[PDB]
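Okay, so here's just one chain, in structure tokens, the form solved without the DNA.
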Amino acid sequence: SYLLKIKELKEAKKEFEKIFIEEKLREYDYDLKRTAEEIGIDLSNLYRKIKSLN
């Protein structure tokens, strides 16, 4: 809920995307191929997010 207390839209969208993807890894057995396929994006894409956020 702290997300709604963030000022900038673009900051709040990253923080959310970081939480969503990290909370996703834990519920998908930290597998990139699996996670990427099941959150609806590519591997090269998910990988380029894992570094830009985590």
The other form holds:
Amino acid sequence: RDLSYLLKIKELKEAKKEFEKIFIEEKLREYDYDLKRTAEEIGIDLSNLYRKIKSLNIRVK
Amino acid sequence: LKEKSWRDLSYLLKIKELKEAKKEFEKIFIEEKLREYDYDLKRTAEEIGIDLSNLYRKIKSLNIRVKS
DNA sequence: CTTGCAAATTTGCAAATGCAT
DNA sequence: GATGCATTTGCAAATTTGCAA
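Having seen the form solved without the DNA, I'd like the form deposited with the DNA bound now, please.
All chains and molecules follow, beginning with the one already shown.
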């Protein structure tokens, strides 16, 4: 993947939220959108996984 | 038109822990910002929208090194 | 899936250091 | 002493976190 656009973002608070979005998305794909196991493989709480999905607008296809 | 060459971050998506990749990205991001402004801390902290005090604390935490 | 709450982490703002001129 | 800076730090508020619902 080309993630060159993250480095073009002027403000850090945006880049941190864009990366965190793309990162989780790719994880959701690698685990066929099995939330329970994703929040486990990345080391967070499932309750916090849902929260990140609502905030960053992630589509659980 | 020419565009500057950017770093390849295809490995950040390979990191296993989310918490881990957030530190690594934040590190690479700040580093590139330092270079782009030739390591002018005061200005870098302004362009990215954080307090200079935090910028120092981030450099300390992420073990970022400066030129001069 | 969402929610509470308390702890843990981070932020901004100022103030206070150092550190040479 | 003083003056310019560039690092540090002391809180309190903001934020994110885990966990048990």
